[PDB]
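Following the hints, complete the assembly by docking chains B, C, D, E and F with the ligands onto the known chain A.
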Amino acid sequence: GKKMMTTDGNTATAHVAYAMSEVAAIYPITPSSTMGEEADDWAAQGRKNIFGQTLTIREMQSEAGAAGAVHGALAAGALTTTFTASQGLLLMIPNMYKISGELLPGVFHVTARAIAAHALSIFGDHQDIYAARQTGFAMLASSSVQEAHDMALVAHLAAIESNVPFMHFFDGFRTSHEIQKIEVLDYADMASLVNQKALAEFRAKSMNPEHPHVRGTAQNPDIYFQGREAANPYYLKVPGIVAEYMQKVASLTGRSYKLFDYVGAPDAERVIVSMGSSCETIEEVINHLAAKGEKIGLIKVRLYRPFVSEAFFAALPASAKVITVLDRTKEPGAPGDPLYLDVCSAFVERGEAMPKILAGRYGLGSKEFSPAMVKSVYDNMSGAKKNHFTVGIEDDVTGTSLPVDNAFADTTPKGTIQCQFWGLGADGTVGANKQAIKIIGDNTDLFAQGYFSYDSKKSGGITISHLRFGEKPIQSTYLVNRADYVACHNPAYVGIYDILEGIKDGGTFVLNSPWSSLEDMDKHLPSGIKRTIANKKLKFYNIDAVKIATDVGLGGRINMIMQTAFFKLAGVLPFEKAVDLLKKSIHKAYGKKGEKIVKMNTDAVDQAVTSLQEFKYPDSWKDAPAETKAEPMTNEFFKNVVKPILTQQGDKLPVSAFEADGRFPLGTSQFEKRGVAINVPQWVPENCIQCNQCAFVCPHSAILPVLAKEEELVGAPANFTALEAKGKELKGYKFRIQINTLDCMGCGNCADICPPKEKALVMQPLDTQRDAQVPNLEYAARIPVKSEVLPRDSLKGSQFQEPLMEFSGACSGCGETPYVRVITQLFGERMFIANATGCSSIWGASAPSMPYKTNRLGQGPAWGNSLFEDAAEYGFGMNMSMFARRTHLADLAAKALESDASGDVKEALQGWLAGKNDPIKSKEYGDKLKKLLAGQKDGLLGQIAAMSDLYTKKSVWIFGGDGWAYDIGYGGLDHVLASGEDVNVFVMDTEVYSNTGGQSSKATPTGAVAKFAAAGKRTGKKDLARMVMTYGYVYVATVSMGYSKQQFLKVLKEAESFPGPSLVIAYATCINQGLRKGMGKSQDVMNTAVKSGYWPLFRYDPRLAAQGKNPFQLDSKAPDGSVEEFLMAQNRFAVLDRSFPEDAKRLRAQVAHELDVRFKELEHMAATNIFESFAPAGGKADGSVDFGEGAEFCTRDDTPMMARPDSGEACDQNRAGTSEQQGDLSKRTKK
Amino acid sequence: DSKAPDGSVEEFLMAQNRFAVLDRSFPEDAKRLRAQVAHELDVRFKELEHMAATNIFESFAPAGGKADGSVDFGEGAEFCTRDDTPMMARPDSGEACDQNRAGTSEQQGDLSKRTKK
Amino acid sequence: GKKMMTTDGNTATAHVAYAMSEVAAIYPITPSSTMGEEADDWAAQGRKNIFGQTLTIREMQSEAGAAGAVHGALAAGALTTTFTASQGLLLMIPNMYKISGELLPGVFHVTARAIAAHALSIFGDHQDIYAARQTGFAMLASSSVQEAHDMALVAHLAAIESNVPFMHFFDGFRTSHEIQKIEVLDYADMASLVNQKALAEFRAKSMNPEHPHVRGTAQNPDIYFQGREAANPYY
Amino acid sequence: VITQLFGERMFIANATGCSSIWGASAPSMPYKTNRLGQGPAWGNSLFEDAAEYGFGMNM
Amino acid sequence: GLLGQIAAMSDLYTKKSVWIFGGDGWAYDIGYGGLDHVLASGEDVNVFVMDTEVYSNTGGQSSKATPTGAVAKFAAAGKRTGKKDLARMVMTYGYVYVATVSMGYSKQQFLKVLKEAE
Amino acid sequence: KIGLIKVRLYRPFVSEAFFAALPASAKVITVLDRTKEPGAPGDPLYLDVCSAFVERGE
Ligand SMILES: Cc1ncc(C[n+]2csc(CCOP(=O)(O)OP(=O)(O)O)c2C)c(N)n1
Ligand SMILES: Cc1ncc(C[n+]2csc(CCOP(=O)(O)OP(=O)(O)O)c2C)c(N)n1
Ligand code: SF4
Ligand code: SF4
Ligand code: SF4
Ligand SMILES: [Ca+2]
Ligand SMILES: [Mg+2]
Ligand SMILES: [Mg+2]
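Chains as they are written, first to last, in the authors' numbering: chain A, 2 to 1232; chain B, 1116 to 1232; chain C, 2 to 236; chain D, 823 to 881; chain E, 940 to 1057; chain F, 296 to 353.
Just so you know, these hints were derived from the structure itself, not from any lab.
There could be a bad hint or two in this list.
Claimed, not checked - Below, a list of computed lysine to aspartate or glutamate pairs in the EDC-like style, where the Cα atoms sit at most 20 Å apart:
| no. | chain 1 | residue 1 | chain 2 | residue 2 |
| --- | --- | --- | --- | --- |
| 1 | A | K727 | A | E711 |
| 2 | B | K1161 | E | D1024 |
| 3 | A | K538 | A | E615 |
| 4 | B | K1228 | A | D768 |
| 5 | A | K1146 | B | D1183 |
For reference, chain A alone in the conformation it holds in the complex:
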């Protein structure tokens, strides 16, 4: 049986993957997490595979552990699979050779994603899949959603019968997240294609002590080579098995395929050879140009490996005179990319006709591949014939890109309605778009396509959706730039984004805004927009969805109003059936609360259909006066690079506009001033007590405390109200808390924690503050920061320091940024950061916004993100460099001390040398030296001068999340902390893989609800703190800002100052945890976290042990009993109590017990007078000694492994018994 189904690549292949698999070991990673999360859910729900069994899915610590688990399963006789991508696929490589080597029917479903080189990317291309092309895996590619399903089935069937592992792959995001109405097969149909004899043999040859065998042997040069060729027969037959099933799945669905498929003109002279979702668009362009008489074609490659040349030439037209192979990868240095090379070897080996063959690279990192680009490619063949060209960018540095005429006529099928939606994150737009897909598709005989472009901004971001509808198949695997319907669901975008680009003439444009009058419309709508609305005779429909949404009592949410706009003006369904079929869905969804809520969404539909009246704009718009420019201060980087990017114009940014090594300058987020908050805090100098707690808490540094004297507040606004500093050091100074209304995300934390009964901070509408604050901020921002007035590491004094990390892309009230910010206020000027992959690297390094900044001297955190699994290692590397280099300096300094260096130079040189590793001193004598050696450029001194950036002691930090620390990168973390070296790791524990969807980590508590914890995690929270404390010499400590900022500053001090390994774990609230009262209660929740005893604070300081003192110190008090109310306040716990109350009660009970036992444990750990000692280092002294020297019996074996240059000496190999035994045998044979 069949079944029309509208879904995306991920769900489409996952549907087939689940049915054909008994075991699955996965690890989350964008954009394959979906599939992995599908399986788990479906299994939990009770889904059955073709064996009537629910899939057994487990989560590992990494894709390496995954691939390893799969191997074991496959070896143990179970049909296994896994879903991965990019960085994840790279860590599976080693196992892949093993899995292929041991001929196992394994199958990988990977969403082709870019590899992180100059920069990380979560978008699609073939860099990863190509990196595994020599693992011995079969590679079957799909070019569409429908194909995703189809090729996914063939993959499994072929694998089972070929005993050769398959890698089914499809374009990440471009196919995986694209939704289309496709056909899927029943689990029964699939199960009936399986080769039973093969399945029986697979299980019979598998590992089992009832009939064991040995795999994974170690072979010498005598047999390795032969054993490696022993599988040739298998690889020769796989192409046949693959074709076989393409024909069998064909007899059931009606969709045929070949290892290589040809499309286009029978006598095409110019053929393209591509692979992936790109082929869909090519064919679209082919149908258009070929119908016009053009002789061009295309060869779709399905099976990339093995690469059967026969099948290639099968789909290749003899009329082909020129054929360009397109690779969606980039192998620096190669003479050509993958596919290109394979194709070349094809013709050369055919040793006959030789058609001009061109090479072309495209789509890197989901780069758009428009029909125009497909046009540019076919023209290059009938023209310049440029080779090794790029398409989609402007290569003005090496000039390899192709000229693209964007004025290319639309090639979408006839009768297709392409739509565009510009919504704000969380307004319902997308969810409403997806509903419009299910409805229309499941009630009409139209094809539906959906794709969405989100924003790097986790809060208040733009979301331009793309939807298409037609009577003919949709092959438009690229954005919509010729829409018939354009809708802006946010009036803010009006004057900041090119909302109407390429909008077809006569096209309708419905806008969301309270400008129902022409006066307002003209006052807020730009001339460029007005001019366009008129010149194109657009059918502009305004609508006050907010007002209309308030009259019906929908809270004011415009999601159900703009949805009604679509069905009425998009023109896909007849007005009647269109609006009618909608009301039917209103009942489908919702209905969560009687007909009351259902009535509010029905009334909205009608009153809206009424409000939806064309805005009769005047013909005077055709020539409206364009305003004048007035952009504030900015760099030539925020102006020439970041803004063009922030304004969705980055694609037009040529190659020459970037750093070859892919680096960015700091403080670029200093001009973003997004201003997407709804409500902001209002300082009230009548209640304020000048404590600096509001600033200390802000997750975006949107609060700037000002401490200046009337000497600096001369040319200031009359409303720059300022109190008079409180305290001793603060007497004549004037205090003030300047709210940064534009950079504020309106989370509410500051006001929520402001001490005084009568809050000195009150939340008010942004617009009712900006006009008076923005100008005061630009002023207060010019007031010198008083850093030498109070103790740098003091609560009230730390906020008088410069925050070198502001306005990041983190969510409102993030539980992470608050910490890092204050961390820069203590060491920022002299620290390195090795940020592990994840949120910490997302809200801090997502181009083009860079929150980290430099202070008044240009000093700031030297930031860097290597990978997700090597944060510690990475940072450990930075530590080795500094050591190696600083030690170098010190040795030259010593040299100069013996030379004829001046008296002054020798003093500072002598001094620095004494405090080389002392922040204060190293900086005191370091600066003196700079002054003294200034201008020097010869001899030792000349070299010592050129190293001023090594003088003051640097501070190396490792930023990561629980996922990194507890899982993927725990191994490196553990190892580095053992190194016993001066490094500082800061773990922001959100108890869950955040930015990837909220997957369960070993840091996730008991009974918590996360991905792969679908019913509350049934394993206790891994105790990372106690595990590392066992080292004895590693400084460990836990913190929780909301509970005690004072203890947090102390920790940072004691940790960073410790002359060795430091591990600090911070309890960070996150939106994945789902706080009932919002992230504005984050600080108050961190507080409860400690009091309840859920997250007890403590510190293990080894140097205390070095002085007879117990290295363990408890910073919190025994549980208070508010634990239950603490867990039930977070949805990640409340959900179970609603769906599975029985397990919920038990799980929350087990947790309380868990924290009750562990605390008593910590207490006794703080009471005991028995602890591990501590010793820095000392000793070394040049000289090495091998463990073999002076040994009586051999210390090494005969093996080629222990063999060394100096080895080979005669020794007692222990084959004559013991020394005594030998001695006695000698006495027992006297003679």
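Here is chains B, C, D, E and F with the ligands on its own, set in the frame of chain A:
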């Protein structure tokens, strides 16, 4: 399952070349590192001894609960549980929710009582 | 000064490696283990490199760990190196993309060894090196003990001036463990062939809060592609 | 001895290293079967995945 | 029928015993991240670590399992960091069976552990 | 009449440097690869060589 150190540490270590070579080439360091190891095994034992005599110990449970039927961590959530990022993007995601840019619940509720009109 | 002496391919390259490097993260793996052991020993011994400093070597928990450290040391303006092969090399693939992506002058010295598939093998062949031909590393092959020394030096000298990471490799056992009577170069000589400006610039562009910059961003479809092409001149 | 107790019904995920070298250096196989043909199902995946390899056997 | 299928699964009837072998190099270092995770899975697997306190097979290199003052490659002057307490680290879970043995000291203790752990 | 072309630099693969060592007399050339990529249309060094001739266009 074993008893407290018997002091044979020195002879034990010196009887093995991996330690004896260090003593022959680095007499000074050797003695310190050997005297250090001895201190480690002595401390770790008393340490291990408390474990054997503690009145507090982590509970245990085979396995249970789970069963059929799953649930998402965002269902019922008052505020958004997923960001605008393409990463947290899922098939079912996309619904409207409070993105925490309006302030805390009580803050919002009181912000209305102070406007009414 | 030219100097005759007998040795295996391993020490021959280690000889150069040590001199030309300042930092090194290493994990043991046959048949390249000999080089890392020599660099470590000579370090303890107190041997000075071209900069007249002892090599700073550390051992990680794995090659994926060594690569991570090797990446950080290079991003921190320090001449780094490592020795690996087969399975070890494969665990370095991820970082190799980063190291070359950030145009760091790293230098890998690998003893070409077979990959574990139908069976394991500590013996030599080009299965490992090839598995990383797309990582963006320049690849220099030496065909004999004498060449192991020469290419080893060229590799370091080129990497420093081109900013492209080099991977010096030679057949495991067949060369790494084949001893011959060859000619090596004093460290002084090797030092005089270094490009001081290139080296000075490597110190400059590197990480340091005194003059910070951000590396390892996350880029969308709008610019990621162009950024990947920005290094075409260097290659 | 471990095989003298569970040998006839155990799977073995052996991490590369001596135990894998003396465990399965071709053509010498130390692990054998008992009078009934039962014996340890030995397999060496890679050096860094011994636990996940065995875990998968468990799955 | 069912019996037909059942019958073909005789090799599954008897409860199997999944074991995992490996030296200290594996358990303490390169494979630790994996061992730690698999152990925390709570499933029925047995891990037997033959602690040699050094990377024997490859030439006796140092590992986190190497003792203080122990002379090994990469520890040319005796290791200057203590032996990693893998045991106490895993014992924090509370739901994992952990034990140390030494045949020379007691064969009875060793057998007792295999019996209990398995 | 035989010869051999030793490849010192495999990456980047400079087609020019390659031909600089290719004797015009060459009528038959066999490329040797010390590896095996199952299913591949050929092994690495080989593939790179073919690309060089197809692009030399002679
Ligand atoms: C080898 C590899 N596997 C997977 C990923 C994808 N990934 C990036 S961040 C992340 C989760 C973040 O987890 P965590 O460390 O807990 O930090 P948080 O986001 O919660 O701060 C995942 C699964 C990757 N980048 N590389
Ligand atoms: C990725 C990878 N890195 C390094 C090696 C090489 N190697 C194999 S065994 C070994 C020694 C560690 O052995 P161990 O587990 O300590 O056991 P032992 O031989 O000492 O009993 C090393 C360095 C490998 N096979 N794969
Ligand atoms: S938290 Fe309140 S009392 Fe404290 S400095 Fe801020 S506004 Fe003033
Ligand atoms: S509401 Fe939140 S983001 Fe805004 S100033 Fe207060 S703490 Fe900062
Ligand atoms: S940690 Fe959570 S709250 Fe912070 S940026 Fe990530 S998803 Fe948002
Ligand atoms: Ca420290
Ligand atoms: Mg997390
Ligand atoms: Mg060992």
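Results for each hint:
1. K727(A) / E711(A): Given pair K727(A), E711(A) holds - Cα atoms ~15 Å apart, limit 20 Å.
2. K1161(B) / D1024(E): This hinted pair holds, its Cα atoms lying about 15 Å apart.
3. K538(A) / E615(A): holds (12 Å)
4. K1228(B) / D768(A): holds (18 Å)
5. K1146(A) / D1183(B): holds (17 Å)
Checked against the numbered hints listed earlier, the structure breaks none of them; every hint is satisfied.
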